[PDB]
Amino acid sequence: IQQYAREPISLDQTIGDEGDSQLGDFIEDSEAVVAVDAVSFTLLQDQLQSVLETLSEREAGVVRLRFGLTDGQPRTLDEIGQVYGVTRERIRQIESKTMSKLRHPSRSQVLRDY
Amino acid sequence: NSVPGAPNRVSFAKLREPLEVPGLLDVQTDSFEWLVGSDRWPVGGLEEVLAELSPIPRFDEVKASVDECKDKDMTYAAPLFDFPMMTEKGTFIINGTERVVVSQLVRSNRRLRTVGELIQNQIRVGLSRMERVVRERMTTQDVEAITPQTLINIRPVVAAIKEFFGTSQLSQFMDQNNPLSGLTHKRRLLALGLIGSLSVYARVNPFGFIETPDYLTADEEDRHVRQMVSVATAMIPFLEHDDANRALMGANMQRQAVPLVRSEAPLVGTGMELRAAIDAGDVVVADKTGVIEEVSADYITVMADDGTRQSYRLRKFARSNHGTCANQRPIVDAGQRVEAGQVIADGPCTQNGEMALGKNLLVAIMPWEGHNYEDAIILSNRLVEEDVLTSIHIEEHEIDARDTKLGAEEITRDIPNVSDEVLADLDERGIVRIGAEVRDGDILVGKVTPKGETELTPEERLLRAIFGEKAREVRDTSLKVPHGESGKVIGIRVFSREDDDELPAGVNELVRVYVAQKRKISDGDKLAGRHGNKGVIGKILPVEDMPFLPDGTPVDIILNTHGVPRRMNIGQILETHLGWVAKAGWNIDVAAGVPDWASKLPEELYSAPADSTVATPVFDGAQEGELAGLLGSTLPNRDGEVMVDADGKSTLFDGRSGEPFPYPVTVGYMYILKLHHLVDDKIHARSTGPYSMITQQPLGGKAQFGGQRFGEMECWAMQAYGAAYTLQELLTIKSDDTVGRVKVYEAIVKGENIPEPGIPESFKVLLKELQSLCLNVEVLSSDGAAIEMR
DNA sequence: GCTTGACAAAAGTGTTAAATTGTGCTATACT
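For the record, the sequence lines run as chains W and V.
Following our numbering, the numbering of the first sequence begins with 133 at its first residue and continues without gaps.
Following our numbering, the numbering of the second sequence begins with 32 at its first residue and continues without gaps.
In short, the hints are calculated from the structure, not lab data.
By construction, the Cβ of each residue, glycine as well, lies at the ideal position given by its N, Cα and C atoms.
Please note: incorrect hints may appear among the correct ones.
[Stated by the list, open to error] To be clear about the criterion: a stretch of chain V counts as covered by chain W if any three or more of its residues have a C-beta under 8 angstroms from a C-beta of chain W, and this derived list gives those stretches:
1. 493–507
2. 723–731
3. 771–777
[Said to hold, decoys possible] Straight line, CA to CA, 25 angstroms or less: simulated SDA-like cross-link-like pairs of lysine to any residue:
4. 781(V) x 173(W)
5. 101(V) x 750(V)
6. 795(V) x 153(W)
7. 799(V) x 205(W)
8. 795(V) x 166(W)
9. 229(W) x 501(V)
10. 765(V) x 750(V)
11. 501(V) x 173(W)
12. 511(V) x 449(V)
13. 193(V) x 538(V)
14. 482(V) x 205(W)
15. 501(V) x 168(W)
Make the full structure from the sequences, and use the hints.
Here you go:
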C-alpha cells in the first residue's frame with residue numbers, strides 16, 4: 133500500500149544546484165542501441181553463416197528453421213517435418229547429430245568468445 | 032599559552048594576552064541552549080513560543096547516539112510532544128548526515144539572528160498552520176466529543192521543522208575536509224557582501240547584537256570613545272604586509288586543504304593554531320585532570336585523581352563529507368600526568384594540538400627553465416618517496432535490493448554471463464571481500480533483477496544450444512567501481528530485511544562498500560600557501576637533478592619570481608626567510624653590542640635552537656629590522672659552514688649540469704598546502720557511453736564517461752575558422768544522430784570512410800514541439816515538397 | 001534412413017471462483 137501511495141516527481145524540476153540542468157536530461161535511455169554490439173552482432177551472424185556452410189544443406193535448413201534465423205520464427209518439430217515431408221521424430225534425430233557436430237571443436241572455439 | 036598540553040612556540044607580539052579568546056563554537060551553542068531552555072542557559076525561547084498562542088513541555092533523552100545515527104542513517108533527535116538536537120560540535124544529524132545551520136543577518140548597523148531564533152521562527156509557522164486546522168476541527172462537529180488529540184494533528188509542526196533543516200538556505204551540509212573548514216562553516220554569517228564570517232573575539236549579545244571586547248555594544252560605540260580578524264584570516268603570518276584581497280583569498284585556500292598522513296605543524300605560524308585546533312572539536316581533550324591508564328590505537332583511558340574513570344574512542348579512518356580521512360592519533364603515553372583541557376590525541380590536520388594544514392618545504396625562488404612557468408611549480412621526487420604530501424581519500428558506494436514490479440531484486444554471487452575470475456574477489460553473498468583491490472569496472476556487489484519476457488534473438492539462442500548455457504530469466508544489475516577509480520576495500524555495511532533493519536518500504540537489503548586510497552602527490556595537483564599563491568604541480572624532478580645547496584641538500588620545490596612584481600603578496604617572502612631562521616637556529620651577537628634592532632625585542636628570544644617553531648600574530652608580529660638581524664646569526668650545518676647569507680640567498684648547484692647557478696638565489700622554508708581538488712578526480716575522457724533519454728545527447732551517469740559539452744561560443748569559433756565539417760560533425764554524429772553515431776563507430780572499426788551525417792535528434796524534436804503548439808511546419812523539399820522525417 | 005506407439009511435459013482452451021473495480025448513496029441545518 134505504501135508503494136502505491138507514492139506520487140511522482142517532476143522531470144522539468146531543476147536539480148542543478150549551481151548549473152541549471154533539469155532532471156529530465158539525466159535519464160539514461162537503456163533501450164538505445166549499443167554501438168559495439170550491433171556490429172559484433174553483425175559479425176556473429178557472419179560467423180554463424182560461415183559455420184553453417186560446413187553442414188549439409190538439409191542440415192543447415194533444419195537448424196535455421198528450428199531457431200528461425202532466416203524467418204525470425206521458431207518452428208515446432210512437426211512444422212519442420214512438414215516442410216521436408218518427414219516425421220516429426222526424425223527432425224528431432226537430425227538436430228541432435230548436428231548439435232554434436234557443431235560441438236566439434238573446429239566450429240565452436242570461434243563461437244565461445246562471441 | 033596557559034594551556035597544559037601546549038607546546039613551546041615563541042611569540043614576538045609586543046603586547047600582552049589578547050583577551051578571554053572566547054570559545055569559538057559558543058555562538059552556535061548559546062543560541063541552542065536558549066532555544067531549548069537548557070538548565071545551564073529568564074523565559075526560554077521554547078517556552079516563549081507557546082505563551083503567545085496560549086490559550087486559543089519536556090523532551091526525553093536522545094533516541095540514539097551521534098555515532099549511531101550517522102551509521103544507521105537516522106536523525107539525532109529528542110521527542111518533544113522527534114525534535115532534532117545539537118551535538119558538542121554545534122552540528123545536527125539529519126538522516127545520517129552531519130549538518131550546520133548558518134546564522135542569518137537580518138538588519139534593523141545590523142543585527143543577526145542566531146540559530147536558536149532561526150529555529151523558533153520556523154516553529155511559529157507550524158503552530159499557526161496547525162491551529163488553523165484546530166479551529167476548523169473544533170467548529171466542525173457536535174461538541175463534547177472533542178479531545179486535544181483529535182483536535183490536533185501535529186503533522187504541520189513536524190513537517191515545518193523537517194522542511195526547515197532541509198530545502199533551506201540557512202541549513203547547509205557541514206563543509207569538512209579539514210577541522211578549519213568545518214569551524215569556519217560554523218560562525219559564517221548570511222544575508223538574504225551577502226556572505227561573511229564572524230570576528231575572532233566577536234561575542235554576539237543575547238538578542239544577536241555583535242559585542243566587541245569589557246564588551247562594547249554596537250550603539251554604545253557612539254556614547255563612549257586584531258578584533259577585525261577572522262579565525263582563518265588570523266592564521267596567516269605576516270598578514271599586515273599582504274593585501275587585504277590576498278588575505279581573504281589565502282583564508283579560503285586554508286579551508287580548502289586536505290589532511291595529510293603525517294600532518295606536520297607549521298614552522299612559522301601565529302598564536303591562533305593551538306586554540307583554533309581544539310575548538311574545532313576534531314581533537315581529543317581530557318575532561319578532568321588525571322593520568323592515563325592504558326593507551327591503544329582504539330581507545331585511551333585516564334585514571335583521574337578524583338577516582339572517576341573516563342575513556343575516549345578514537346575515530347580511525349572515518350570518511351569525511353568530501354571523502355577526506357578523519358584519522359586520530361594518540362600523543363600521550365602510559366604513566367603520563369594530564370590536566371583539564373589538555374590534548375590527548377591528534378586530529379586529522381593537527382600535530383600536538385595546533386592546526387597542521389600542510390608541510391614545511393625547502394624553497395628556491397629562481398625561475399627553473401620554464402618548468403615553473405608563470406604559475407606552475409616543480410617538486411622533488413622526495414615528496415613522493417617520503418609520503419610527505421600523501422593523503423588518504425575514501426569513497427562510499429551503495430546498492431540495494433527491493434521488491435520490483437516484475438518480481439524481487441536478488442543480489443548474489445551468481446551472474447548470468449561472467450568468467451570465474453571477475454567473481455574471484457567476491458564472497459558467498461556476492462559482495463567484495465574486505466581488503467581486496469578493485470580496479471575500474473570491477474564488481475563490488477553482485478545483484479540481479481527479474482527480466483522478461485526475454486524474446487532473445489535467434490543468433491543468441493543458437494549459441495545457447497551449441498554451448499549449452501541456459502539463457503537465465505534475470506538481468507544483471509551489479510555494482511561496479513566507477514571509471515577512473517581504484518583502491519582497497521576498507522569496510523562493508525550490510526542491512527538485511529530478513530532479521531531486523533528498518534529499510535524503507537520496498538527495500539529488502541542494503542550493502543555499502545567503503546573504498547580508500549593513498550594519493551601520492553602527483554603532477555597536476557594544486558598546492559598553495561597561506562597568502563593566496565596557488566598553482567599546479569607542473570613537474571616533479573628526480574631529487575638528483577635538483578638545485579641543491581652546498582651541503583648537497585636538494586631543495587623540495589622551485590617557485591617562480593614573476594608573480595611578485597606589483598602583485599604585492601609581500602608576506603610570502605617573509606615567512607620564507609623566517610622559515611629558514613626557524614629551521615637553522617640562531618644566536619644573536621649580543622655581548623657588548625646588544626644591537627639597536629633588538630632593543631624592542633623580548634629577552635631570551637635572543638637564542639633559540641634548530642627546528643624551533645615561531646609565532647608572529649597578525650597585526651603585531653616580528654618587525655622588519657629584527658628579521659635582518661636574525662639572518663646574521665644563522666648557525667652552521669653539521670660541519671661548521673654557512674648556507675644562507677644575511678640576504679636569505681645561497682649559491683645553488685644545478686643538479687643536472689653540475690655547474691653552480693651564477694647568481695645567489697633566495698632559499699628558505701615555506702608552509703604550503705595540498706588543495707582539495709586533485710588531478711585523479713578532474714581528468715575525464717570518453718569515446719562512447721550512455722545517452723540521455725529525452726534528448727539523445729551523451730550524458731555521464733554511473734561509471735562517469737561524461738561527455739564534454741560544445742557550447743555556442745565554441746560554435747562561434749568553429750564558424751570563424753570556416754571549418755564547416757568539423758562543426759557539423761560535432762553537432763550531428765558525435766551528439767544527436769541516433770543512426771549516425773553508431774554508423775561512424777562501425778566505420779572506424781572496419782577502417783572504412785566515415786559516413787555522411789543525418790538529422791540531429793534535437794532538430795527532429797523541434798518540429799514536434801512546434802506541431803504540439805498548433806504550428807504546421809512543412810519541410811518543403813524542392814522536388815517532393817513534403818517530407819516526413821520517419 | 002526413417003516411422004511407429006507409448007508417454008509425459010507443455011501449452012491452449014473452456015469453465016468457475018476470487019479479486020478487483022466502478023457507481024450509487026448517506027435526510028437537523030449549513031448558501
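For each hint, the structure was consulted:
{"no.": "1", "hint": "493–507", "result": "holds (count 5)"}
{"no.": "2", "hint": "723–731", "result": "holds (count 7)"}
{"no.": "3", "hint": "771–777", "result": "holds (count 4)"}
{"no.": "4", "hint": "781(V) x 173(W)", "result": "holds, 14 angstroms"}
{"no.": "5", "hint": "101(V) x 750(V)", "result": "violated, 53 angstroms"}
{"no.": "6", "hint": "795(V) x 153(W)", "result": "holds, 21 angstroms"}
{"no.": "7", "hint": "799(V) x 205(W)", "result": "violated, 36 angstroms"}
{"no.": "8", "hint": "795(V) x 166(W)", "result": "holds, 21 angstroms"}
{"no.": "9", "hint": "229(W) x 501(V)", "result": "holds, 20 angstroms"}
{"no.": "10", "hint": "765(V) x 750(V)", "result": "holds, 17 angstroms"}
{"no.": "11", "hint": "501(V) x 173(W)", "result": "holds, 19 angstroms"}
{"no.": "12", "hint": "511(V) x 449(V)", "result": "holds, 13 angstroms"}
{"no.": "13", "hint": "193(V) x 538(V)", "result": "holds, 23 angstroms"}
{"no.": "14", "hint": "482(V) x 205(W)", "result": "holds, 21 angstroms"}
{"no.": "15", "hint": "501(V) x 168(W)", "result": "holds, 24 angstroms"}
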